[PDB]
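Every protein chain of the complex appears in place save one, which is left out.
Labels for the chains are A, B and C, by order of writing; each one numbers its residues from 1.
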């Protein structure tokens, strides 16, 4: 049967799921038109309902989750709500596509997994960077020993939306809503290390609060509780030595994720800000013609082919949500997929909590 | 009144039209959801429409121009059939969204013009590179006098799909079916120059036939009648001196459109291979700190914000079609839009014919 | 026998000649240490020689061509005095290392040729971009058929020292003293094309006068007789189709010579602003990994190894002069060298005069 979609939340991530569900089939072709049934948010739900192309609206989400025409729930609400909703969804016997993270506290996340395992439907997280075709091609080259045995790995995630110290204090500075850089940014690069290598094993963290306080929109000032920057030395699966840097106050970085991989027979460079390329170095051939090759995303780097039949033309950030949507449908029928499950996400969040502890206790921490 | 859509062509460009029509509403929010009515193809039709979410599949393409429920005709087929099909839609009172070129010869185009100019409807060509938030933004800066008065401009469009000399001869290689690099490629840089600057006044072309012939699919060899590279010196509206290079045999160039613009107070560089950025130099401020600024597409460069709300994240090539499709809709209600009309498309194909002439004649030519 | 050196000119180019002569031995190891004998200038001479470690300072420049102890004459002065001075050195039996251009008019150059061709000595022009280990290496790869047969070539030389329209009119702006962008700039790209490919066969130029006049240093305004930008379509030895762009009014371009070369099996890109690298594309190996390789100058690209023994470290622009100076010495003992002789310099200035002609005449021109 064609899949019946319930979406909760309509902020950017809601829009992006919606665009994804509305497009998988036309792009990919090998599945059943999803049907956009129910949507939740004030009764602006009826307004957005028009925009995104959903049959029903409501401002009760437990009702969406109740609705028997919905098979799949897209949770894209704020962090605090994920646990509550994903669980009510699972319990009501449905599949879950949930935005990162799972929950800000480990035992909540535990509960989410316990449910899901116990549940019957699948449960995925929106770690979309993973789905870039360039990135699947990176995994393949690495897997195939193209650069030999990976010794060292560097990974940077930077933006500058906290750089300006005069923006009003909001939830992204409350410890109880997240650690900061770690919660918000580090999970992506770890999701990448996961996809490519595996989980993290020991960590030690230095963290930065660049600004002691920030104005309140209703007057006065509040202490920043959180950390907008984190630098982590690590060890992954297989004893690979890795450095992670995440920074939310990095002026002039917009959407940067920079990944450098070093092996005994070569190297790889990648940078999200030029999403559609990567650079590959092979210690292979005449020495006077060695160097990194700049390789442009092409139909051979599947599934770029489903989007465009010409190389070097480019996918966009939203294109990555469509592929993730596709892979979610694979799971539903698994069918082998490349998704991140609550099982692996929880494990990822385990590494996050370790990093914070790692900083407060000022010591290496094993996991 | 929500538009009923009619689409001919299932190639990797008809796909683009369907993606576009499917997506506009969700992205932009401020139009009625276009209805997917009629799809035309061989025998594949039935399945294709399954994929592109259409209502009725048929192999008859006049049955399409018939269906009273069709308002817009998307013409996405081989270059030869363009004319006849646009005309049968225009005369039959349907709006036209047509892929370039209008047609191989000036007078079938001249016809197309008058057919539509006399008809009620709107006719648009698919010059999509025009629609980049980045491109829109370069227009504004030029406009605002940020770089001063513009004197010089270079534009290069390169791919390498005709680069391998040992690929079997096909229609791309017949003079019958186009000049080659000129009609296939130079047109895009022309719409770009038309968009920022105006139409071309004086040309002079050199042309290149890299490989005198090619092997034949069923044994032997035909000569190549075409030219896979042109280089053109030019004058435009108010004597902007430009140079234009087109080349389908440029190894390594995958999707390259490179534009440099120079004025009395600065310069602008742009590259389609890094489509979501450009470089701006302003002769301003201490000289110990001037240089090109790498500006990354962001929400402030409309209509990027209708796609993602964070900078540095990237639109793909397909998003260009969604924007175009929005502009066409604007035109139909229209309301001034930024679309290329047949009227202006012609004056471009004018330029291009003059281009091929100034070669064959070995002298300057005027327009 | 160690050469006694004679140098006329103390500008920022005579400096270069002295740096060179001072350095060659230590760098290359395999020549005799050139002796700094005679320096020519105004009244500064005495001090200048103090700086450039010379023996005898004089304001008489014939006294120089006299000194029996002088073997090589370095001519580094304003373009006008070049001819007379090269000739008085050639006829007086001295070797000549002369800065470009030979001279503003074809026949003073034609003279220079015969003067030297009849004389015993060696005469070299300072086309130094030729001498880059990178450039030498591109020659070899082209030679080895790494990119196949070369059909197309673009070359851009840009600076922006004539970019500010409000800089006081000076000699750079008189037709009297040169065509402007053509003699000042296009010559370098010509030596480059001569070095890899050969001499130019057919030209056709467009020229640009960005600013109709300039203010005068002591009040008022003169018209600009010159042209600060030329764009030239061309044919070379065996119909390599080339394009060449020169422009002294290109804001942001500081020291830019950009060369793209395209052949049947690959391409080469190069940029003088990143002088110690280039990019090579080979159509070879799995297509999921082709792209431009960024090769960084290294010891294997002679004679880089005579400067630093580690890759990626960089030669400066001044090192180009040291290499040239070594080649001139090679020529004098000579022994085949890679130097530009008057004989070949002329055929370049030929090209350039033809270049300026094909504009004024508004038609193609042959050589």
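General remarks:
Methods note: a residue touches a chain if its C-beta (ideal position, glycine included) is under 8 Å from a C-beta of that chain, and two chains touch if they have at least 3 such contacts.
The shown chains contacted by the absent chain are A, B, C, with contact judged over the whole complex. Within the complete assembly, B:290 is the residue of B:79, B:80 or B:290 that touches the hidden chain. Among C:319, C:324 or C:327, the one in contact with the hidden chain is C:319.
Hidden from this view is one chain, which touches subunit C at 12, 15, 18-19, 22-23, 25-27, 29, 33, 51-53, 159, 161, 253-256, 273-275, 296, 298, 307-319. Contacts to the hidden chain, counted on subunit A, fall at residues 147, 151-152, 154, 156, 163-165, 204-206, 208, 210-211, 229, 231, 233-235, 241, 243, 245, 247, 249-253, 262-267, 281, 283, 290-292, 362-364. Although one chain is not displayed, subunit B still touches it through residues 137, 141, 279-280, 287-296, 298, 300-301.
Please note the rule applied: only the chains that are shown with their structure count from here on.
Centroids built from CA atoms put subunit C at 41 Å from subunit B.
Separating the CA-averaged centres of subunit A and subunit B is a span of 34 Å. Spacing of subunit A relative to subunit C, judged by their CA centroids, is 54 angstrom. Multi-chain contact residues of subunit A (touching two or more other chains) are listed as 296, 298.
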